[PDB]
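Chemist: Please model the entire structure based on the sequences and the hints provided.
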Amino acid sequence: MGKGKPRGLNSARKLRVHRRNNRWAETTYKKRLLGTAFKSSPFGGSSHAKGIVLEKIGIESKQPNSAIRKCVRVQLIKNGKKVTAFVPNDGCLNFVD
Amino acid sequence: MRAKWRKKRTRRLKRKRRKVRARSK
Amino acid sequence: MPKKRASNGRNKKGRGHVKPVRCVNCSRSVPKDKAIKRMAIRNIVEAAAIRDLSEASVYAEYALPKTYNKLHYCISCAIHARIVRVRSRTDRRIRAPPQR
Amino acid sequence: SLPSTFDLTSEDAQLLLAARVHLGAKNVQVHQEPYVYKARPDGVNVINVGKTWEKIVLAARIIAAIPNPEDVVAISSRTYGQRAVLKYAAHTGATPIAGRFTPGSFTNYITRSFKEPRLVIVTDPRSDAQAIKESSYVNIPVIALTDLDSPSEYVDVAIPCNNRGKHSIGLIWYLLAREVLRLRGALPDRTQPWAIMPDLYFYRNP
Amino acid sequence: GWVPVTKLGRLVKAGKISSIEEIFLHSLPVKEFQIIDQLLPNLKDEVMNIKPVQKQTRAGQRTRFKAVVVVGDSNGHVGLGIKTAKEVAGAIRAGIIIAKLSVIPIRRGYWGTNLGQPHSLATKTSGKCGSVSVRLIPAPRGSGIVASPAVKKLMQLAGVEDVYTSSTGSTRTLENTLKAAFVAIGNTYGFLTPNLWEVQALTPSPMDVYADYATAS
Amino acid sequence: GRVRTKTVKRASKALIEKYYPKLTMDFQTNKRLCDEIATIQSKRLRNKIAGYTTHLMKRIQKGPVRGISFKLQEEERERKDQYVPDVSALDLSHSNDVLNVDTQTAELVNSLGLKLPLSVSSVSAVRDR
Amino acid sequence: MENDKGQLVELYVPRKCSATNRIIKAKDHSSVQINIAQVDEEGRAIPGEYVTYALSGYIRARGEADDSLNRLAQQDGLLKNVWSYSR
Amino acid sequence: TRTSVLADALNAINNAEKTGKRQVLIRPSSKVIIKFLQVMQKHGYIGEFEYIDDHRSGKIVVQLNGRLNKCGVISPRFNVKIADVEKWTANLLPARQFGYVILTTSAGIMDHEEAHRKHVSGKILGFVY
Amino acid sequence: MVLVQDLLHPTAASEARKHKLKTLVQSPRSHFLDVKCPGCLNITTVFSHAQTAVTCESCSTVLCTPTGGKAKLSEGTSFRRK
RNA sequence: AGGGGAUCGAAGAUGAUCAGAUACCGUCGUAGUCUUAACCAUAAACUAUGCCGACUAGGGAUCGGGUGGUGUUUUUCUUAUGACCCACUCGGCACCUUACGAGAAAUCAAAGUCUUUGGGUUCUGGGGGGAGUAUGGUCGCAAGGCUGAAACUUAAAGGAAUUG
Ligand SMILES: [Mg+2]
Ligand SMILES: [Mg+2]
Ligand SMILES: [Mg+2]
Ligand SMILES: [Mg+2]
Ligand SMILES: [Mg+2]
Ligand SMILES: [Mg+2]
Ligand SMILES: [Mg+2]
Ligand SMILES: [Mg+2]
Ligand SMILES: [Mg+2]
Ligand SMILES: [Mg+2]
Ligand SMILES: [Zn+2]
Ligand SMILES: [Zn+2]
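Protein chains in written order, with the numbering used here: chain A, 1 to 97; chain B, 1 to 25; chain C, 1 to 100; chain D, 1 to 206; chain E, 1 to 217; chain F, 1 to 129; chain G, 1 to 87; chain H, 1 to 129; chain I, 1 to 82.
Quick caveat, the hints were computed from the structure, so don't treat them as lab data.
Note that beta-carbon positions come from the ideal geometry of N, C-alpha and C, so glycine has one too.
Hints may contain errors.
[To be verified] Restricting the straight-line Cα-Cα distance to at most 30 Å, the calculated cross-link-like pairs of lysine-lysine (DSS-like) are:
# : chain 1 : residue 1 : chain 2 : residue 2
1 : C       : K13       : C       : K3
2 : E       : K31       : D       : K115
3 : G       : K27       : E       : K51
[Claimed, not checked] Calculated Cβ distances over 10 Å to all of chain E for the following chain H residues:
#  : residue
4  : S4
5  : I34
6  : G47
7  : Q63
8  : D84
9  : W88
10 : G108
11 : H116
12 : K123
Modeler: Structure (C-alpha cells):
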C-alpha cells in the first residue's frame, strides 16, 4: 500500500491544505477557530460570571440517583443572559438567599 | 425507528418546511 | 454482522448483477444464483400406481416418462422444508453434493 | 567426508525396484520436492532412487548419532507400516508406537504412554502428522518416509518413497534397520544379504 | 518432595546442567517447574493484577481469577504467567509456577559505548499482543525506566536499569501489555547484530552428552 | 439394562492384566479367584467383576482385543510376526522373467546403475478416467 | 557484548540456525539439533563424533528444513547426487 | 508505474531475507541500487551479487547472508543538513551502537558514518538494521 | 525453487518452459524459416510469425497463412530451419 | 411527453381473523411494469475491500490462451481437425492447510512485506446523537440531489467474538 497521504518531496501543499481541512473535524480546534466561547456559552468565554440570583430552584435530577438538587436561576450581568447555577453543600442556597 | 423511514420522515418535514417559507415569498 | 459466507449469492462473482428467477412456492423473486436450483426428476405416474396403469394399458414396455421440474426455491422457502438444512459454522465450508 | 563405498548395491536397487518404491506418488506432485527422475505418461511420477538411499543412510547416520538407543520413537498409524515398525523395534531397541499415537505423549508428562524421544520416525506425514506436529512443541527431529504428495512440515530427513503402501513401506524400514545396524552394530560389511529377511516386515493376512 | 519426570528434570537433579544458559542455548523444553527454582534461586515473584472473570451459567456465574505474575530477579531473566483458577491463592501459585516455565532471558546492552556493565536493552524492540505494541527502545545511562507501572515492574525484575517505552494501543488491558512487553523482551536474543556475525561451533546439548544420567533405569 | 459400570470394567481390565493365568473360563472359579486377589468390599460388585472377567476370557478364546493385550497376548502374536508363514523363494525375487519395468525406469536404471535386469513395458498411457 | 576490554558480557550467545543464520531463540520450541554421525572405512560410524546442524523453527515449519538440511549435508560432505545447484 | 526502483528492489530483498532465501532477483537495477548494495557489501549484509546485462535494462542476483534484518528505504529523498543525520539515524536504526543510513551525496553514496568522517551530507536513500 | 536455487544458471528445461520475457534474458522464440515453394527453385526467409499473406519473390504462390501464433504453411510445402 | 396495457401490481376497493388490524392471506386492481423521447443522478450502485506498482506457499483443481508428449480414441486405410489424459506456461474466477506472516477477532495468501513505522497517487473518517437536518449556495419540471452547520444533548454508540 501507498498509505493514502501523498509522499512527494514537493507535496507539502497537498499535506498542508489537507491538514487545514481535516483539523476541522477536531472539536477542540473548531471551538477555538469559530469563537463559540465568545458568541455563545453564556459566560463570554470566561472563567466566571457575576449574575443576579433571579430565583432559588430545586432541580429534580436524572436517573440512577434521585434528589432535588437546590440550584439558582441566575441572570448573568454582562450578557443579560439567564443561566442556572448549582449551589454546592448542605443547604447553602439558604446562604445564597 | 427504521432508518429508511426516519429518512422518509424528514423528507416530508422538509416538504412541509418548503411550503412554510414559500408562503412569505 | 460479519460475513456468514464468502460466496453469499455465489454464481455472481466477476459478473455485475445477473437476472432473477421467481421461486416456486412463494413466487418470491430471487436471483438465479441465490436460488437453490434443485432438480425434481419425478415420474409421470406415482410409484403406487404403476402396475395398475400397465395392467389396463395397450402395448408393452411403454413410454413411462418422467417430468423434469427444475425447481427453484427462495432460500427461506427452501429452509421451510426443502434441501437447505442449516449447517454448523465449520460445516458451512463444504460444497460437496449431499448423500451419494 | 564420505567413504565412496555406499553407492547402492545392484541387488539392493533390484530389491527397491521390486517393491515399486519408484513407480509411485502419481499425478499429484508437491513443489518442495526434487526426488523425481522423469515422469511416466498419465497418472505417474518416477522417483530418483539414488537420492532416497543416500538419505536412508543419512537418516541412519542420525539415528546412530543418538547414544541411548531406547529413545528413537518410530511411529506408524496407517496400517501397512504397523508391523514393520515393530520389526525395527525388535532389531534396534527403540521404543515405538504402532497404530494410535496418543497426543500429549511427547508433550504432557502425565500420560501412561509418555515417551520423550530424541528423534522420531514416521511413515505417513499425511496421517501420523499429529505426532509430527506434536514433536515440534518439544525440539525433536522427524525422520519421515514422504511420498511426493504428502506435506513435509516439521520434517527433517524426508526419505522419498512410494506410499501407495503394501511392500515399499516395510522394505524401506528394513533398509533403514540394515544401515542402522551396519552403522554401529553386529553387521560389519555392506555385502552378504544376511538374515534377518525383508519379508519379516510387510503387511500380513488379517 | 522432588521426583522429576522429563530427562532434563533428572539431569538437573544430578547436577550436570550448571545454570541456566545451557537450557536456553539448546532451547530445552522446560515443562517441569522445580528445575528453575533449583538453578535460579533469586526468583521474585510479583502479582501484577487479578481480574475476576466470569462465565455465565444456567443460573448465576463462575468467578475465576486471572492472576498475572511477573517472575524475575535483577540478573536478566524474566517470567510471565497468567492463570485463571477459582481460588485466588492457588491461581497465584499456579501463576508463579507457570511464570517460572515461561522464564526468558534478555539481551541487556548499551546505550552507546560499553565502558561499564550494560543495563539497558541492546536495540529498539517491539512486542504486539492483542492490540498492544510495547516498543522499547534503549535508554542512556541513569535516565530510568520510563514506563506504564505494569511494564516498569516487569523491567525491574529484568534488571534493565534504563529504557524508554512506547506502550501503544490499549495498554490498560494488562495481561496484553505484559504479554507485549514480554515478547519485546523475547525479541532481543532473536534480533541479530554484527556482534553475532562471528560464527559459533554449535555445541552438543546436555541431553545428547549426559544421556545415561538422564532417563529411568 | 445390564451395562457393567466403570469400576467393574476398570478392575476387570486391571485384573486380567495382572492375572491372565488363574482365570479358568467358568464363573464360579473366576469368582473365587477374584475375591482372593482384589479386595472388594461388596458381594454384588465382586460377583459383577467376576461376570466381566469371564466375558473377557470368553472373548480371549476368539482372538485378542483392544485394551486387552498384556504379556501373554503380546507373545501370542508375536512368534507369528517373528516366524511368519511367508516366505518361500525370497520372496520379491525375479521369479517371472526380469521385472516389467517402464521406459522411464529403464532409463533411470541406466543412469545410476550400469547393468541390471529389465523387461521394458510399452507404457500405454490410456484414455479416460 | 564486550565491556571495557573484552570481558564478554551477555551469556546465552546463541545457536544460529545452520540454514538461515537467523537466530534460534531461548523459546524456539521448534528449533532442533540434527546430529549426524561420522563415517569411516568399511562399516564403522565412529562413536561420539558429529557434524552438527541446527535448524531454525522458521524453515522447519515451512517445509524448507528438508532441502536445507540436504544442501547443508551436501556442502559439508555427507552426501552426493542429492541437492542440486540449479532447479 | 514502477517508481522508486531502489525501493521496489529493496522490497524484494526484504521479502527474500524474511523467508531465508539465499538469494534474490531484482528486475530493474540501477547505479543507485548497485552503489547501495556495494555499501551493504562493504559492511557485510550481503554476499556476492551479479549484475546481469539484459542487452537492455538491468537485472541483479543478490546473494543474501542471513545478516540483513531490514533493508530500509526512505521515500521522498529528504535533504539532510549534517546535524539532522543524527535525528534520522536515531529514528530509523536500532541504537547508537550499530546500523547504517545509506545516503546519496556530493561524495557519492556513503553510509552515515562515512559521511560524518568526510563532513559531507546530502539526500537519504535507505538504511540497514 | 525453495531457499537456494542459484539463479544465474537455470536448467534449460525452465528457460524453455518460462515465458519468453520472464527469464534471465528476454530472448524470443521465433525463427526465420527458409521456405521453398513448389514452383520456383528459390528460398524465401519466412519469419514463422509473419502476420501477412506471404507471397514469393515475384510469383503469387502464397506461402504462409498468418494465424495467431506460428503461421500454417499453405499446402504441401517444404522448409529449412532459420 | 408519447404508445400499450396480458399477468403480477405502490394506490383503492374488499373477505376473513383478532380485544381491534385501512396489516399479512384472500380476492380484484388505476400508476406503472414494458417500451419510446426527455430528465433525474441516487441504491446494501457492497468484494460493505480506491487505483497503480512490485515481491513473498505450497496443494490441487477451475476456466480463456499456448507449448510438448511414436499417449489414447475418433476411422474415411497414414490420417488431419476435434476431445481428452499428463507436465509446464501467459490471462481470468474462486477454494484447502498451516500460519512462521497479517489481523480486535471473524478471518486474510491479501486485509502480508507496519512501532524492524517511508514505492507512487486520489479520496474519505475523527464519541454518539442533534443531521445529511438548519441555513446559504448550486443543480433540478418536481420529487429531490450535490454541497453542508452549529447551539443544544449525551457516557456510552459501536465492532468482533465468549459463555449463558
Ligand atoms: Mg425512572
Ligand atoms: Mg450484530
Ligand atoms: Mg444475523
Ligand atoms: Mg453496520
Ligand atoms: Mg469482470
Ligand atoms: Mg452490479
Ligand atoms: Mg390496500
Ligand atoms: Mg452514495
Ligand atoms: Mg460505499
Ligand atoms: Mg459528532
Ligand atoms: Zn419461494
Ligand atoms: Zn516466386
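Chemist: None of the hints should be skipped; say for each whether it holds.
Modeler: Status of the hints after comparison with the structure:
Between C:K13 and C:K3 the CA atoms are separated by roughly 16 Å; this keeps the pair inside 30 Å, and the hint holds. Taking the CA atoms of E:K31 and D:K115, the gap is about 14 Å. The hint holds against a cut of 30 Å. Among the hinted pairs, G:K27 with E:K51 is consistent with the structure: their alpha-carbon atoms are about 28 Å apart, no more than 30 Å. Under the 10 Å C-beta cut-off, the non-interface status given to H:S4 relative to chain E holds; the minimum distance is some 25 Å.
The claim that H:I34 is not at the interface with chain E holds, since no C-beta of that chain comes within 10 Å of its own (minimum 22 Å). Look at H:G47: its CB is around 13 Å from the nearest CB on chain E, clear of 10 Å, so calling it non-interface holds up. Look at H:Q63: its CB is around 16 Å from the nearest CB on chain E, clear of 10 Å, so calling it non-interface holds up. No beta-carbon of chain E comes within 10 Å of the beta-carbon of H:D84; the shortest separation is about 19 Å.
Every beta carbon of chain E lies more than 10 Å from that of H:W88, the smallest distance being close to 14 Å; the non-interface claim holds. Annotated as non-interface, H:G108 keeps its C-beta farther than 10 Å from every C-beta of chain E; the closest such distance is 23 Å. Every CB of chain E is more than 10 Å from the CB of H:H116 (nearest about 14 Å), matching its label as outside the interface. Against the 10 Å criterion, H:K123 stays outside the reach of chain E, whose nearest CB is about 24 Å from its own CB.
The structure shown violates none of the earlier numbered hints.
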